[PDB]
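Please read through the structure below; I'll follow up with questions.
Here the complex is missing one protein chain, while the rest keep their positions.
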Amino acid sequence: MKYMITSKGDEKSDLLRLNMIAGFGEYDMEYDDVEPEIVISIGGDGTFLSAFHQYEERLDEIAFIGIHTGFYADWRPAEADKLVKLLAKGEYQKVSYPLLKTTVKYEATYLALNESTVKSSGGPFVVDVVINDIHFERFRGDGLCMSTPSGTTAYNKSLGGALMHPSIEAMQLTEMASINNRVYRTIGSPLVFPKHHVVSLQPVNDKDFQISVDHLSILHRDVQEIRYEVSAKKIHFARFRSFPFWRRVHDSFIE
Amino acid sequence: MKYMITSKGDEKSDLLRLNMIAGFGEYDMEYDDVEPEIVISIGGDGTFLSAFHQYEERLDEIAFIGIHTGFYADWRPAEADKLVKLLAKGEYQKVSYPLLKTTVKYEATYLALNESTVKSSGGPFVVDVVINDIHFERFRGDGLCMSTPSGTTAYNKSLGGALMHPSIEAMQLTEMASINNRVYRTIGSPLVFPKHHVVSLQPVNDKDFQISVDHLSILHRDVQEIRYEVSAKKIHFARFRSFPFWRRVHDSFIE
Amino acid sequence: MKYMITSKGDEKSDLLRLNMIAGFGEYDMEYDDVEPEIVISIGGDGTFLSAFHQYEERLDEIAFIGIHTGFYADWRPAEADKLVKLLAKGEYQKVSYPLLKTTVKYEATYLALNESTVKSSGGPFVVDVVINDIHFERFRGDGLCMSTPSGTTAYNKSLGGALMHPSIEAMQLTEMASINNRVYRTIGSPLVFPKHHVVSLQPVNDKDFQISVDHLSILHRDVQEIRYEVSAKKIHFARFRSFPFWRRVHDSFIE
Partner (left out) sequence: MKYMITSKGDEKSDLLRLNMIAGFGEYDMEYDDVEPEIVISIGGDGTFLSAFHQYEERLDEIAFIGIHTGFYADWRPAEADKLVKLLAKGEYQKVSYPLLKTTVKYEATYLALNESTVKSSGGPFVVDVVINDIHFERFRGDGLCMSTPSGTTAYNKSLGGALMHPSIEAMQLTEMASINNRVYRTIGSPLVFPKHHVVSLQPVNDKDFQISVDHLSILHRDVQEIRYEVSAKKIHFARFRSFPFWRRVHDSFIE
C-alpha cells in the first residue's frame, strides 16, 4: 500500500528513513507523499505534529505511525526493521483519538491534535467565556488552553490540567495565570467538555489575539469570537502491539 | 404516584416538608418512604447525599429532587408550591448522572454519588496504583480521592481536580499532598478514567485504611485491594426546567 | 513641603487632584513635580507603579501615598480632604518596602516594585537557573517571575506563589507552566531568596527574551545573563493610620 516517511532532518533520522524506504522496496508498497494511506514520522512529537498537519485533509484515509529518535511514538530506531515487516504484512489494528476544532471569526478553522491556546497581542488578556450560549466567567490572566485528550499530557499538564484517556471524546480548558481577587473571579479549575458542547471566547477590550494550534502560532486581528468544539474528524494510528495510554503515560512521566 | 420527603431536621425544613405533604394530599399521590418513585430532599447536599444512600437499592426506580434551604438542588423554598403542582402533573423529564463503584477486598461494595477517598489509619499512606493490571505508580502522600462527574465540584475541586460534565461516564483520581522527590514519584496530575477502566489500590506496608464514600467514613482493617470503576447504575433526577450543569457551576462558584 | 500629584487621567481623578492642589494651596506646601518629597498617586496600582517609576532616582528622598478611585492605596476619594490636612500637619510615619534589582547583560539595570518576569521572544523558553554560582535547574516552560514581597499579591499570586510580609527582605521566584517529565525537571515550587542571594538566568539556545519590569515589557536581544537580587534601595510610604499588610490582603482578596 501507499506510504510516506517524514523525518526530523538530522543525520540519524534521514538515514533511518532511507533504510526503511529500502526495506519497503523489498515489498511493494509504493512511496507516495501526495496520497499515502500510511504516514511514518521519524523524530519527536514536533515531527509527528508536522506530519499530522501536513495531511490533515486526508485524516480519514491515513493511519499514522511514529518512530522516536517522544509521546506519540510507538517505535525505537532499532525496531524499525520489525515495523517494516509488520506494516508489510498488514498485521495491525487501528486506534482513533479525538481532535479539537478551533473557529476564529472576524471564519478561519483549525484542527489541533494537541491543543489550541489564546493569549493577548500584549496586551492584558480579558475574555468572556460562554458555554453553550451561557455567560460563564470573565477571564483575566495570561491566557487559556483548550486541549484534546492526547494533548492532556502536553501544555495542559503544565497548566495543572487532568490527564484524560483518549477513548473519551472531550476537550479540556485550562487557565494560564488567572487573576482572582474580590473583584475578578474565575473558576480556577480545569473544565472538561463533552462532544457537542461549544465554548466561545469573546473579547472585552482588545480584539487582537495570539492564537496557537499545536506548533503554529499566529496573531489574529479584529476577532469577534473564538469557538471550541470536539471535532467530527479523528486521527488514526496503526498498532501492532499493546501499548496502553496509561503505560505510555507511565513511561513518559514516572520511569 | 408514590413519593417521600426527607428533611434536614431544622424548623424551616420540617415545616416546608409538612406543607408539601399537605399540597400533595390535594392530588394523589401517596406518601411512601418504603418504595417511593420520587424522593424529595429538603436541606443541603448532605441531606441529598443521605437521601441517595437511603434508597441506593432502588436507584433504577426513583427520580430525585432537591430543595435548597446547595449544589444538587434545583429548588428554593418559595418555589415549593410550583414544584408540588408540576410534580403532580408529571411535567418533567429525567436526567441521569454516572456513579462510582468502590470494592474493598480483605468483598464490600459501596456506591458513591460524590467520591470515595482513601487515607491511612495514621499512618504514612503508601499504595501501589494499578490501572487495568498495569503498575502505574507507587503513591506516597496523605491520600487519594476518586470522584464521579457530579462530585468534581466537591472534594475533587479542592484537590486541584477538573470539573467534568456529567454526560461523560468517567471517574477522576486526585492526589492529596503527594510526596515527590528524587526517589519518590507520582504523576502529580489528576487522571480521568473511562467506563470499564479499573483502578486498583494495593497496600505496600500497612493494610489498614480510612475509607470514605460520600459522608460515610470507616476504618478498614486487613485490606488486600481497593478497586474503582464507573458503576453500571445511575442516579436519576426529575427536571422541570433548564438548569444546565455549567450554569449550576457558575451559580455555586462565580456569582 | 514639596509635593506632586499624578492622576489616572479620567474625569474623577483629575478633578480630585485639582481639589487637593487647592487644599494644599491653603497650607504651603509648594507643588513641585521635579524634586518632590511627597508623591500622591490618584488612580489604581498602575498609576501608582507609573508614579514610582517616574521618581525611581529619588526614592530615598520621597514618601509615596496612593488614592484609590487598589492594592497600594491607602485612601478613598471621600477621605482626600483628611489626607490634605494630615499631610499638611506632618502627622505621619514612614514605612519601607524592599525592591528587586534586575540586571541584564549582553549591562542594563531595572528596579521593580512588583516583579520582573522573563519569557522567550516566541520561542520555546529554556534557561539555566544558577543560584550563588551553583547550577540549580534547567527551566523549560513559558517563563519565570521574580517578585518583591509587595508584588507577591500580584502576578506571583496568580502563578501559585506565597504571599510574603514586606518586612521580610526577600524575592520570590515562580514558574510559568514548567515542563516536567522523565527527562525535563524543575523544582515545581516557588523559591524564596534572602538579601545577598543572587539568582542568574543563563540562555541555553535562544538568547532573545521578552523581559518585564512591572508595567514595562521590552524585547532584549543577545542576552548573556539575567541577574536578580534584592535591591539596596527601598520605597517609602507615608502613613497616617494603622493599615496592616494582612488587613490589606484580607480587604483585596477575602472581602
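Should a chain be cited, it is by its letter among A, B and C, assigned in written order, with residues numbered from 1 in that chain.
Please note the rule applied: contacts are C-beta pairs under 8 Å (C-beta built on N, C-alpha and C of every residue); 3 or more make two chains touch, one makes a residue touch a chain.
Note on the undisplayed chain: of the listed residues C:76, C:82, C:165 or C:215, the one touching it is C:165.
When the missing chain is restored to the complex, the residue among B:37, B:142 or B:206 that touches it is B:142. Although one chain is not displayed, its contacts with chain B can still be listed: residues 122, 141-142, 155, 158-159, 176-182, 217, 251-255.
Mapped onto chain C, the interface with the missing chain covers residues 131-132, 134, 136-137, 157, 160-165, 167-168, 170, 172, 185-187, 189-194, 197, 244, 246-247, 249-250, 253-255.
The rule is simple: only the chains that are shown with their structure count from here on.
Averaging C-alpha coordinates per chain places the centre of chain B 45 Å away from that of chain C. Note: centroid distance chain A to chain C, computed from Cα atoms, is 38 Å. Multi-chain contact residues, meaning those touching two or more other chains, occur in chain C at positions 180.
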